[PDB]
Amino acid sequence: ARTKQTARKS
Amino acid sequence: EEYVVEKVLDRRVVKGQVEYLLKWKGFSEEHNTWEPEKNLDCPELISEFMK
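Protein sequences, first through last, are from chains T and A. Position 5, counted from 1, in the first sequence is what the deposited numbering calls 14; the numbers after and before it change by one each time, with no gaps. Position 49, counted from 1, in the second sequence is what the deposited numbering calls 50; the numbers after and before it change by one each time, with no gaps.
Hints are computed from structural coordinates only; laboratory data are not their basis. Some hints here could point you the wrong way.
[Said to hold, decoys possible] Listed below are the simulated DSS-like cross-link pairs for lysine-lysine, each with C-alpha atoms no more than 27 Å apart in a straight line:
1. T:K13 x A:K26
2. A:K39 x A:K24
3. A:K26 x A:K39
4. A:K24 x A:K52
5. T:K13 x A:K52
6. T:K13 x A:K24
7. T:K18 x A:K26
8. A:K39 x A:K16
9. T:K18 x A:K16
10. A:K39 x A:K8
11. A:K8 x T:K13
12. A:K39 x T:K13
13. T:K18 x A:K8
14. A:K8 x A:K24
15. A:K26 x A:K52
16. A:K52 x A:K8
17. A:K52 x T:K18
18. A:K39 x T:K18
19. A:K16 x A:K52
20. T:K18 x A:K24
21. A:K39 x A:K52
22. A:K26 x A:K8
Produce the complete structure using the sequences and hints provided.
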């Protein structure tokens, strides 16, 4: 439940 | 395909979309990529950038 900074890579 | 982001380095507007240049956590800078805003799940990194 701790957050993480993420993104999908194209 | 989802990866942890380290920093948002730059921003551009191209073809009607905002894109951000991402430094991925644990990856060298030669793996940086532009990603449209819809791909981002790092609001606090965008905020740090916008300062």
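Checked hints:
At most 27 Å may separate the alpha-carbon atoms for a hinted pair to count; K13 (chain T) and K26 (chain A) meet this at roughly 11 Å. Restraint check for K39 (chain A) and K24 (chain A): the C-alpha separation of about 17 Å stays at or below 27 Å, so the hint holds. Annotation: proposed proximity of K26 (chain A) to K39 (chain A) holds, straight-line Cα distance about 19 Å (limit 27 Å). Between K24 (chain A) and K52 (chain A) the CA atoms are separated by roughly 17 Å; this keeps the pair inside 27 Å, and the hint holds.
Using a Cα cut-off of 27 Å, the hinted pair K13 (chain T) and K52 (chain A) holds, with the two alpha carbons roughly 20 Å apart. Between the alpha carbons of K13 (chain T) and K24 (chain A) the distance comes to roughly 15 Å, so the proposed pair stays at or under 27 Å and holds. Distance hint between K18 (chain T) and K26 (chain A) is fulfilled; the C-alpha atoms sit about 13 Å from each other, no more than 27 Å. This hinted pair checks out: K39 (chain A) and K16 (chain A) have alpha carbons roughly 14 Å apart, not beyond 27 Å.
Using a Cα cut-off of 27 Å, the hinted pair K18 (chain T) and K16 (chain A) holds, with the two alpha carbons roughly 18 Å apart. Our distance criterion of 27 Å between C-alpha atoms is met by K39 (chain A) and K8 (chain A), whose separation comes to about 17 Å. Among the hinted pairs, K8 (chain A) with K13 (chain T) is consistent with the structure: their alpha-carbon atoms are about 12 Å apart, no more than 27 Å. Among the hinted pairs, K39 (chain A) with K13 (chain T) is consistent with the structure: their alpha-carbon atoms are about 17 Å apart, no more than 27 Å.
A hinted pair counts as satisfied when its Cα atoms are at most 27 Å apart, and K18 (chain T) with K8 (chain A) qualifies at roughly 14 Å. For the hint pairing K8 (chain A) with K24 (chain A), the CA-to-CA distance comes to about 5 Å; that is within 27 Å, so the pair holds. Straight-line distance between C-alpha atoms of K26 (chain A) and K52 (chain A) comes to about 20 Å, which keeps the hinted pair within the 27 Å bound. Restraint check for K52 (chain A) and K8 (chain A): the C-alpha separation of about 13 Å stays at or below 27 Å, so the hint holds.
Of the supplied pair hints, the one linking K52 (chain A) and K18 (chain T) holds, its CA atoms being roughly 24 Å apart against a limit of 27 Å. Distance check on the hinted pair: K39 (chain A) and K18 (chain T) sit about 11 Å apart at the alpha-carbon level, within 27 Å; holds. For the given pair, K16 (chain A) sits about 25 Å from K52 (chain A) by alpha-carbon distance, which is consistent with the 27 Å threshold. The hinted pair formed by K18 (chain T) and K24 (chain A) meets the criterion: a straight-line CA distance of about 11 Å does not exceed 27 Å.
For the given pair, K39 (chain A) sits about 21 Å from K52 (chain A) by alpha-carbon distance, which is consistent with the 27 Å threshold. Between the alpha carbons of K26 (chain A) and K8 (chain A) the distance comes to roughly 8 Å, so the proposed pair stays at or under 27 Å and holds.
Of the numbered hints stated above, none is contradicted by the structure.
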